[PDB]
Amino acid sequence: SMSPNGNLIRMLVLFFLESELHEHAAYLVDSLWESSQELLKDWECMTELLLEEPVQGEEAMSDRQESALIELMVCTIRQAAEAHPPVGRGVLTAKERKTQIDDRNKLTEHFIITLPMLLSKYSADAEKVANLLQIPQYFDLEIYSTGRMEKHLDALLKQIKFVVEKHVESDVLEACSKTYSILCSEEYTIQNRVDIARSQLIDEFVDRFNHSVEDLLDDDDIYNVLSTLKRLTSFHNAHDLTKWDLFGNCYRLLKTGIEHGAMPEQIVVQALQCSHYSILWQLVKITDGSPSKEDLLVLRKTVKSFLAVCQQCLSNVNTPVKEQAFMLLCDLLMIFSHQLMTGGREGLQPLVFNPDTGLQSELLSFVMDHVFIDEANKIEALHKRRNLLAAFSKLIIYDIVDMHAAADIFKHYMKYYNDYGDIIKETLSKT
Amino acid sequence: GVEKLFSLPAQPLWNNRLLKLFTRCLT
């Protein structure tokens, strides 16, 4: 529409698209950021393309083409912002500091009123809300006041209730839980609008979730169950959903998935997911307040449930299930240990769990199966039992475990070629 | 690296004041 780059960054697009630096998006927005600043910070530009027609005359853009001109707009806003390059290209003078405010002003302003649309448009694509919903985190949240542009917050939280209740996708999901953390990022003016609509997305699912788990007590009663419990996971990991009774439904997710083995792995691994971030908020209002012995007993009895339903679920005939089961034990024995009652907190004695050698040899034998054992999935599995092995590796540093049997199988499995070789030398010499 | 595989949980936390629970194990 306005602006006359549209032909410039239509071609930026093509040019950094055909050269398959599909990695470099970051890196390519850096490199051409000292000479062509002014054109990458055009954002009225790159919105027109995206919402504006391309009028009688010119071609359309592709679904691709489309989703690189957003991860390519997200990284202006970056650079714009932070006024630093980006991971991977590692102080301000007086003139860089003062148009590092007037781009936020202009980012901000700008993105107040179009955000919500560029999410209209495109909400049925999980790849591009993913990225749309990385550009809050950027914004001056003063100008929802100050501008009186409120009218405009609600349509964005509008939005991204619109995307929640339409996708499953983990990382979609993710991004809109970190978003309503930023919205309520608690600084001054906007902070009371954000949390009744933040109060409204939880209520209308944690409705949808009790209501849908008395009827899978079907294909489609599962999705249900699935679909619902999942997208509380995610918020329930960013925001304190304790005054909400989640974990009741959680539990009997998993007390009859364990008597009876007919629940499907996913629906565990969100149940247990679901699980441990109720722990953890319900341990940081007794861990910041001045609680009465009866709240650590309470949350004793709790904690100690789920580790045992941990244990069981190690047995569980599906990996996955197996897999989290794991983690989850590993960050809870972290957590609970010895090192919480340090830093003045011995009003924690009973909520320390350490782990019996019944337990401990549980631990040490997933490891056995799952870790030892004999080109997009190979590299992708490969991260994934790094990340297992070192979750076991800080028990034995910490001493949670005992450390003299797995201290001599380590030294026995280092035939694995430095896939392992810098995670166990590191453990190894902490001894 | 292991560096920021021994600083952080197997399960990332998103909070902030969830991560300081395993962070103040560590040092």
The other form holds:
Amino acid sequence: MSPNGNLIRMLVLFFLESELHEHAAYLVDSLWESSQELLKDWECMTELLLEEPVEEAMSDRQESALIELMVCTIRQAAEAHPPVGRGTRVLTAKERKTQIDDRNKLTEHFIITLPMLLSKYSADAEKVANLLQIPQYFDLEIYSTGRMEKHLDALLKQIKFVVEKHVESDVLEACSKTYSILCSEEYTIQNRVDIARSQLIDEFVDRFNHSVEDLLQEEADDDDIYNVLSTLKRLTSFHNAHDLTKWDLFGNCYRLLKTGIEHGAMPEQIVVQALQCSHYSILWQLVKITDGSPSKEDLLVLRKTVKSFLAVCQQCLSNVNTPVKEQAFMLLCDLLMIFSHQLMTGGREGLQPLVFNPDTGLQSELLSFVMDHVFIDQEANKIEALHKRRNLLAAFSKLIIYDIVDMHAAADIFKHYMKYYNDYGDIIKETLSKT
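What about the form solved without the partner chain, after the form deposited with the partner chain bound?
Chain alone follows, minus partners and molecules.
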């Protein structure tokens, strides 16, 4: 009750204060055999999180740490295996039984308690994002079984509050994925969630559209810019896992990107998001066309869309802001692979009119970026920025392998940059081998 409450408070302290466990998931995993009973006292945890003190309060950091530990215990309980990077087998009868029992407990519990947790910590993005990892583990059918419809409403109310209050890409993506899990994985609740999710979108599409018009008709305000970006961010987040094509979003993103090209003065984040959103619209347009039996004119309308967007991403290579370039590049190396001749695989030869070969000028520019932005002269931010450039190359690399860009002019650049390995590598190798 409060005995487990002391232990858990001290366990949060031992995690934070000692750098003996760096990963929460690993700490939990390590203790799991010995301290399962304690680590699945979820009523204790939510209590510690939700109650007000008598004495000694929790500090903001330790609350955060508790939530993270809690989410890790939930996973391990639900999944019944160690986390990614500690894995290795059959569940025994009793282990399976415990898994079903634990899943039931945490679902009933968290259905009721997750809306409350989200309410209290609604503005703490890192906490909210961490809490919204929880529904993926629920036994969704219990939203019907328990006559628990009141708490699904409750959750959806809070998810609405979160998206409405936040712009962080983690928070938003966490929300999107959550609607995703509540939607498609039970018919009973599907109709209810779809109604709440579609009403949410609507409110933002209207705000976005009004804001798009505000900005473009306009001397443009900081408000105008915050409204366009803020709303767009929400929609782009969702547009990855939700098919928002019924709202013609591609049109207003295209206006923001063309205005930015013409007059040069569109904020980098609006441009980056507008690109990402348009891209997501396009992929979803494709999915509807693959799966349906499309006519000639369907294909020809999608083609014109794609040609007009590849034109835009090309032009965006020349944007001063290097995040735009990277995004534009990323999308080019995505799209030119997608609308390659691969598109006519699996008896899909109807799609020929959608195939695109990038011209010489575009291949030259897709070489240019690599010379300028993968291969550059000159803590935690640099190990991250490296893996990005690594991905930018790996995405370019696919175009080389299938002769979509000039495979010889590419390799020439790879020569030029590997020169010091070919000229002095052996000598540097053997030298370091004797020290």
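Superpose the two forms; the largest set of C-alphas matching within 1.5 Å is the rigid core. Residue numbers count along the first chain shown, from 1.
In a core superposition between the two forms, the Cα of 423 is the only one among 25, 423, 17, 9 shifting by 2 Å or more. Residue 188 shows a C-alpha shift of 2 Å or greater between the two forms [criterion: core-superposed Cα displacement of 2 Å].
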